[PDB]
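Chemist: Read off the chains here:
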Amino acid sequence: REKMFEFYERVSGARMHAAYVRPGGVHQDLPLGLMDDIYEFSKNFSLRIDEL
Amino acid sequence: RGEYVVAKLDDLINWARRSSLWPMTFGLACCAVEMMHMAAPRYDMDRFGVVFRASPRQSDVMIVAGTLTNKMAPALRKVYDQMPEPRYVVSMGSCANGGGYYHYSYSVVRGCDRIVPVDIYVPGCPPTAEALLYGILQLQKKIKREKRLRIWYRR
Amino acid sequence: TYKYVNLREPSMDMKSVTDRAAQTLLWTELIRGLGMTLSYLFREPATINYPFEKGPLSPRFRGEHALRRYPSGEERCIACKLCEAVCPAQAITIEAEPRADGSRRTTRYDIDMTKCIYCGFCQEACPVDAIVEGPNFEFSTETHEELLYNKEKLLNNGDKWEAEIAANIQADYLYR
Amino acid sequence: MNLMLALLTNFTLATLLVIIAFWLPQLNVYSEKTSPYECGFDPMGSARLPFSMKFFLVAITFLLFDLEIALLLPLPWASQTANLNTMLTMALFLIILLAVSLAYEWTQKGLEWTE
Amino acid sequence: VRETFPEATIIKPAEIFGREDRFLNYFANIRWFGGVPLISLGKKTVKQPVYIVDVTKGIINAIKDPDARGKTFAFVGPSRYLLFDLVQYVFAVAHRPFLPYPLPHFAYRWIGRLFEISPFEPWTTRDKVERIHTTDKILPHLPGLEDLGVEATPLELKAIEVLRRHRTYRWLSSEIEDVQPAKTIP
Amino acid sequence: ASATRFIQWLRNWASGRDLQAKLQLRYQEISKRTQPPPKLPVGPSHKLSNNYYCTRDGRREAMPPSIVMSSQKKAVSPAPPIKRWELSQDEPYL
Amino acid sequence: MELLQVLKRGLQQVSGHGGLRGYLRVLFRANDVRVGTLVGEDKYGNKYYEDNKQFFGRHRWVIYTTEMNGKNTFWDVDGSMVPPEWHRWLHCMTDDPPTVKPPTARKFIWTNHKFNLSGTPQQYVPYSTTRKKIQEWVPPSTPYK
Amino acid sequence: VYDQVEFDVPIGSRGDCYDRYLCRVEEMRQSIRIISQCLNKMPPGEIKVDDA
Amino acid sequence: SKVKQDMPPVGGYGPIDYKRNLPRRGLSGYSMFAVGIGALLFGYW
Amino acid sequence: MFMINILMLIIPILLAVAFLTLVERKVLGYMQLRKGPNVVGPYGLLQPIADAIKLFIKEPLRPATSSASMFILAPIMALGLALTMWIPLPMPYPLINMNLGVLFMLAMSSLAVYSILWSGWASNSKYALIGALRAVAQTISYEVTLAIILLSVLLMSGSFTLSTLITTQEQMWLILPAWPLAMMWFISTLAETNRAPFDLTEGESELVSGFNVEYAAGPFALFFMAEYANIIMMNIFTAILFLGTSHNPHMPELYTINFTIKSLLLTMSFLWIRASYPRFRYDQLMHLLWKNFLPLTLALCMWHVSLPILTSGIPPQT
Ligand SMILES: CCCCCCCCCCCCCCCCCC(=O)OC[C@H](COP(=O)([O-])OCC[N+](C)(C)C)OC(=O)CCCCCCCCCCCCCCCCC
Ligand SMILES: CCCCCCCCCCCCCCCCCC(=O)OC[C@H](COP(=O)(O)OCCN)OC(=O)CCCCCCCCCCCCCCCCC
Ligand SMILES: CCCCCCCCCCCCO[C@@H]1O[C@H](CO)[C@@H](O[C@H]2O[C@H](CO)[C@@H](O)[C@H](O)[C@H]2O)[C@H](O)[C@H]1O
Ligand SMILES: CCCCCCCCCCCCO[C@@H]1O[C@H](CO)[C@@H](O[C@H]2O[C@H](CO)[C@@H](O)[C@H](O)[C@H]2O)[C@H](O)[C@H]1O
Ligand code: SF4
Ligand code: SF4
Ligand code: SF4
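Chains as they are written, first to last, in UniProt numbering: chain A, 207 to 258; chain B, 62 to 216; chain C, 37 to 212; chain D, 1 to 115; chain E, 191 to 376; chain F, 2 to 73, 92 to 113; chain G, 1 to 145; chain H, 310 to 361; chain I, 4 to 48; chain J, 1 to 318.
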């Protein structure tokens with residue numbers, strides 16, 4: 207969860223209450239490099255579910 | 062010299078108390094989620110000696126982590142009164158600090174300091190888990206500065 | 037499309053039935069759970085050594101507010117009151133009048149930091165980048181009154197934090 | 001005398017720690033502090049009200065079974081007898097009857113708690 | 191004080207009773223010693239205790255009242271009691287057994303010094319024993335609470351508020367009207 | 002990443018997984034914390050001609066509700100019956 | 001055997017901190033004895049280190065000065081002591097330390113950083129920054145009446 | 310754009326806590342499956358409606 | 004200059020696992036019981 | 001000299017209990033991918049000292065509705081009886097050599113349950129009462145099986161003397177011929193010490209703090225020390241019962257070192273187990289013991305009466 211909070215903070219500047227999705231679209235475009243880091247997170251997450 | 066002895070005994074009881082702060086398992090709203098992240102591995106509050114305990118009888122700190130409504134106010138005061146002493150209150154987030162987003166509502170207490178005395182205010186909506194930890198360490202340093210025995214000696 | 041999460045009939049052959057008896061009597065699946073927590077005991081913990089180490093943040097982080105200046109030292113804020121109008125919490129209070137040189141400038145600029153929801157709308161609305169949310173998040177106080185910022189406090193914050201704020205704005209202004 | 005001394009010391013030590021606990025700290029007693037705890041709200045009714053026991057039948061069966069172990073505990077000594085033919089038969093007879101008694105209470109739904 | 195600040199308001203309260211007082215709470219705490227010692231069995235002393243909120247409201251009105259400048263007031267309760275009757279009422283309200291016994295002045299003084307040894311907050315003192323057995327002066331010439339608009343609160347209406355916490359679980363829920371009041375010296 | 006070979010084997014065996022391939026602590030595979038500046042694109046309305054706002058005005062196309070009946092043949096349903104779902108072919112049973 | 005190499009690495013840490021005294025100082029001040037590369041030092045005495053083989057979050061750290069703005073911080077340290085130019089690098093908002101990417105200089109930026117001053121005589125006290133709104137009539141100073 | 314991504318809805322058979330727990334665990338796996346498609350199919354362009 | 008925003012790599016990202024993977028380990032039921040009885044008998048003797 | 005022997009027993013017990021609290025917090029911490037205490041003293045070595053001092057200068061509370069005498073008595077009983085459980089333990093020599101040492105430990109364990117019942121009842125509050133009645137259920141669940149499990153093991157040793165178990169296991173650990181009983185013994189000790197997944201009398205997530213919910217400060221510390229003292233003692237009992245250490249009369253310290261290592265590891269397994277499993281429902285614990293262990297325990301009690309007789313391997317009475 208803490209790593210996913212970082213994704214929130216990188217698009218919006220807030221870990222939780224992003225206020226990012228707005229009527230009309232989103233507030234800001236993804237910062238460069240964010241999608242690589244989401245991919246790295248998602249690559250390993252299923253193993254974390256397997257441990258649970 | 063009594064002054065020297067009471068000074069050292071102050072350091073000991075202060076050190077023991079700040080090194081073993083047991084917050085009450087008590088959370089109100091979204092600020093309580095960041096409080097969970099302070100207990101989570103990245104920050105590991107337990108490594109500072111900070112350990113949640115559900116019973117108010119076994120708690121030293123009340124962290125008011127979220128909005129205090131009028132309906133909830135008597136229960137918050139109740140469990141604070143049931144904490145033995147010394148006890149401390151940390152106000153976490155805008156809602157607890159002064160009402161926040163809901164300041165002008167008919168159902169919200171405009172700051173938990175209308176109900177209980179507050180030792181530390183942690184700003185944010187929510188404060189980050191690190192911000193809350195900064196507030197806990199600020200409380201520890203406040204306890205370190207206490208002069209209970211030195212003042213008693215000079216009474 | 038859908039899938040069933042729990043719809044399977046166990047095999048009733050002798051080997052399978054004896055495998056399940058061993059699991060029941062010899063607690064095999066409970067022993068397997070012990071293996072998982074054992075593997076974690078020998079993993080490096082995720083804890084960081086705060087305050088000597090800090091959790092990562094980005095240039096967009098919304099923290100303590102500050103009032104900014106132009107490179108000349110003049111205040112950026114020209115008292116348009118857009119931030120006060122947009123503030124979802126009504127945390128901003130502004131008064132203004134012509135300055136002694138005729139400039140349009142504020143005589144009051146208060147942010148009730150216990151009302152504020154740290155949403156960043158004020159810095160979006162500002163047309164001159166006068167009001168920002170800086171990167172500081174370690175400003176907890178001992179009293180409520182210390183969180184009622186007036187203009188002097190907010191200008192000091194800007195002077196205190198401008199070196200970091202300007203570098204953060206530089207990193208993110210092309211996304212705005 | 002050694003046993004009595006050891007017991008006296010253990011409970012004296014515990015009692016002293018309780019005396020320190022009550023006379024060392026600074027107290028601040030008032031009504032709301034010492035009121036009973038129920039998660040922040042006042043209790044409804046006394047805690048002395050009857051609290052139904054749903055395992056009442058297992059509890060009574062425990063008394064009978066608890067006494068069987070008093071009959072069985074001497075078994076290590078009884079095994080030292082020359083009359084092992086009798087002792088083994090009687091030893092197994094007692095355990096079997098305990099097993100039969102457990103089986104009866106089990107089949108007749110005596111181990112299930114009242115709903 | 192009247193010389194340094196001639197315009198001062200000087201307020202002279204009797205023994206003040208309230209939740210955190212050292213009066214009703216003091217008598218109720220004598221129960222840990224069994225019987226309740228009293229000089230002359232409390233039949234020689236009279237008290238006129240006043241409620242804490244009455245004194246508070248009198249102070250607040252003195253601030254706002256221009257007539258209060260330079261005056262000296264006496265804040266007393268509505269009723270005068272014998273010290274024996276007062277303590278008997280305290281133990282009745284708290285539902286604790288009341289075993290008064292006579293103790294002469296010199297004996298009470300000796301125990302007062304016993305408790306003065308404590309370096310903390312003495313449970314009682316020689317001086318405290320004296321003040322509790324001092325009769326509450328009658329000062330008709332001084333203005334009182336009614337002069338500042340405060341209506342004195344009878345001890346009968348507030349004793350339970352102070353003394354409910356001194357009961358055991360058996361008697362905690364007893365209501366205000368269950369105990370019969372104390373004889374008031376007419 | 003600094004775990005010795007023996008410890009790596011121990012936790013690999015206890016968990017039953019090769020944990021070194023999917024570590025939950027992040028090292029050098031993450032994005033750099035400084036990035037080159039972006040150059041975001043513009044939207045379909047960024048034109049110098051043939052772009053009159055009245056032709057792309059969603060708000061002014063909204064209309065009041067259609068009054069079907071007011072108090073001023093085959094039976095119908097609100098929509099066709101929902102089609103029955105199919106079992107997954109990726110993994111029908113968990 | 002690796003278990004022998006691990007002991008050497010841990011024994012090396014005592015020399016990397018300049019002997020047992022320096023090792024015990026960092027053990028008791030920061031509860032961590034790792035040795036990193038000195039990235040730089042700020043004018044208050046804070047020392048900044050990196051080790052990029054550590055995992056993200058543990059790869060940068062500060063050893064706070066023992067005195068700052070006349071306050072003894074040998075035991076009492078807090079995150080607000082980090083000056084703004086180093087704050088960005090320490091929180092990983094940038095890759096470049098201020099030794100490499102210096103901040104832009106302005107004549108109004110504080111030369112001396114201040115830590116959190118709450119609970120001290122330097123604390124902030126709020127007040128209204130506006131002047132009196134209604135001017136009252138002042139009666140004359142002579143009896144003409 | 311949920312009509313453009315492929316995922317499975319987990320279904321229980323007993324309607325108890327255990328089946329609802331399995332559904333939530335399988336929904337996490339499907340979320341990772343959806344996230345993978347969003348990472349690969351992210352299109353270029355603006356991020357809020359071009360209508361000021 | 005050209006447009007530059009956060010985009011997937013040209014070939015797409017590598018494969019991502021998501022299916023449940025709880026591997027099968029352990030001896031057969033027969034072997035486990037046989038070892039348990041073998042230890043009992045050696046103990047008795 | 002005997003008074004000195006007593007003090008060299010209970011003072012170390014209290015110190016070991018204090019540092020077990022640190023070890024559990026660290027062990028749990030690392031199994032949870034975090035560190036646990038590492039600030040208060042190096043590697044958290046002073047953390048237990050701060051906690052103890054903190055509690056004993058904290059204000060103790062006597063609840064308004066509580067039965068005063070029973071409220072004070074119960075924590076004294078808990079700690080006093082926890083220390084009493086140690087005096088017959090052969091390590092390798094007991095402080096008090098008893099003929100029926102096992103029977104003494106059973107009786108002292110039964111008496112200790114009343115420190116939970118009376119504390120819960122004397123508190124006069126609903127969560128405390130619920131916690132106390134869970135202890136009634138817990139004792140009913142495990143007590144019969146626990147005694148009969150011991151009996152079966154003692155039919156190989158021949159007596160109720162704890163030192164005889166050292167002799168019995170001179171050649172081989174009793175876990176070999178009695179691993180089925182060792183398994184059921186181990187679970188019973190978890191229920192006996194009110195440990196996870198049988199931490200029901202406290203049951204934090206359900207009862208806030210159960211029986212001790214009204215206890216603060218020093219009186220609370222007494223219950224905590226008693227519990228952790230029982231955790232170590234019950235795992236020392238287990239080591240003696242099933243993993244008997246060899247005793248060289250001329251080098252008794254070699255026994256102590258070996259026996260201490262075994263006791264520590266068994267104690268660690270308690271912490272390990274607490275990190276791994278969810279909690280039983282307290283009716284499900286009763287059915288576990290009565291419908292599973294008790295049938296198996298009765299059968300194995302029959303088998304261990306017959307096995308010495310049919311193999312001609314009955315132990316000596318003396
Ligand atoms: C596992 C066992 C662990 C046991 C650990 C035992 C604790 C070891 C550490 C001892 C440190 C010294 C104790 C100081 C704590 C005192 C509590 C406190 O903070 O009060 C503040 C008070 C402050 O009082 P005050 O006068 O300033 O104001 C309080 C009153 N109001 C609220 C109105 C303001 O300090 C004192 O009153 C006295 C301090 C005395 C210091 C010496 C202690 C003597 C203790 C003897 C008491 C006599 C009864 C016998 C008790 C048993 C004797 C052992
Ligand atoms: C020569 C002929 C010889 C004759 C003798 C032969 C005897 C050997 C063969 C008999 C079988 C031997 C094994 C018996 C062990 C006890 C078995 C048992 O009772 O466990 C089964 C029990 C059943 O419960 P459940 O699975 O929920 O379903 C039952 C449906 N009524 O399930 C449970 O009890 C689960 C327990 C849950 C709590 C576990 C928490 C701890 C788990 C880790 C413990 C690891 C073991 C540690 C042992 C250490 C010992 C020092
Ligand atoms: C509900 C009621 C249930 C009743 C159950 C009764 C179960 C009884 C089962 C039989 C148990 C005894 O079985 C019997 O044991 C004795 C030993 O004790 C054996 O006796 C044998 O060994 C003993 C010594 O140990 C010799 O003295 C004897 O001469 C020899 O025959 C018998 O060879 C065997 O037949
Ligand atoms: C001599 C010692 C060794 C011999 C063992 C002695 C104990 C023997 C106990 C025999 C119990 C037989 O009778 C018991 O009755 C109930 C009916 O309520 C049966 O059935 C019921 O209980 C079981 C488990 O609780 C449930 O799975 C089942 O759904 C339910 O219908 C049990 O499956 C059966 O085991
Ligand atoms: S301060 Fe913000 S995060 Fe905290 S409870 Fe209020 S709205 Fe939620
Ligand atoms: S961040 Fe949001 S709530 Fe706070 S002052 Fe700015 S607009 Fe108002
Ligand atoms: S801070 Fe910006 S938006 Fe607010 S009044 Fe000043 S110029 Fe306008």
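These are calculated hints, taken from the structure and not from any lab test. Accuracy of the hints is not assured; some may be wrong.
[What the hints assert, rightly or not] A short list of chain I residues far from chain F (calculated; beta carbon distances all over 10 Å): (1) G15; (2) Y16; (3) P18; (4) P26; (5) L30; (6) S31; (7) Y33; (8) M35; (9) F36; (10) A37; (11) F45; (12) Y47.
[What the hints assert, rightly or not] Short derived list, chain A residues pointing at chain H, Cβ under 7 Å: (13) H223; (14) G231; (15) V232; (16) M241; (17) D242.
In this text, a Cβ means the ideal position worked out from N, Cα and C, and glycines have one as well.
Chemist: Find the nearest Cβ of chain F to the Cβ of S31/I and say whether that gap is larger than 10 Å.
Modeler: 17 Å, holds
Chemist: Taking 7 Å as the limit, does the beta-carbon of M241/A come near enough to a beta-carbon in chain H?
Modeler: 6 Å, holds
Chemist: Confirm or reject the statement that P18/I sits farther than 10 Å, beta carbon to beta carbon, from all of chain F.
Modeler: Fine: 13 Å to the nearest Cβ keeps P18/I off the interface.
Chemist: Say whether it holds or is violated: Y47/I keeps its Cβ farther than 10 Å from all Cβ of chain F.
Modeler: Label holds. Min Cβ-Cβ 32 Å, cutoff 10 Å.
Chemist: With 10 Å as the threshold, tell me whether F36/I passes as away from chain F on beta-carbon distances.
Modeler: 22 Å, holds
Chemist: Close enough to count: is the Cβ of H223/A nearer than 7 Å to one in chain H?
Modeler: Hint violated; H223/A Cβ to chain H Cβ min 19 Å, cut 7 Å.
Chemist: Non-interface claim for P26/I: all C-beta distances to chain F beyond 10 Å?
Modeler: 5 Å, violated
Chemist: Is it correct that the beta-carbon of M35/I has no partner in chain F closer than or equal to 10 Å?
Modeler: 17 Å, holds
Chemist: So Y16/I supposedly isn't at the interface. Is its beta-carbon more than 10 Å from every beta-carbon in chain F?
Modeler: Given that every Cβ of chain F is farther than 10 Å from that of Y16/I, nearest at about 13 Å, it holds.
Chemist: Hold the hint about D242/A up to the distance rule: shortest CB distance to chain H must be less than 7 Å.
Modeler: 9 Å, violated
Chemist: Minimum C-beta separation from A37/I to chain F exceeding 10 Å: can you confirm that?
Modeler: With a cut-off of 10 Å, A37/I remains clear of chain F, as the shortest Cβ separation is near 23 Å.
Chemist: Going by Cβ atoms only, is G231/A closer than 7 Å to chain H?
Modeler: With a closest approach of 3 Å, the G231/A hint holds.
Checked against the numbered hints listed earlier, the structure breaks hints 4, 13 and 17; every other hint is satisfied.
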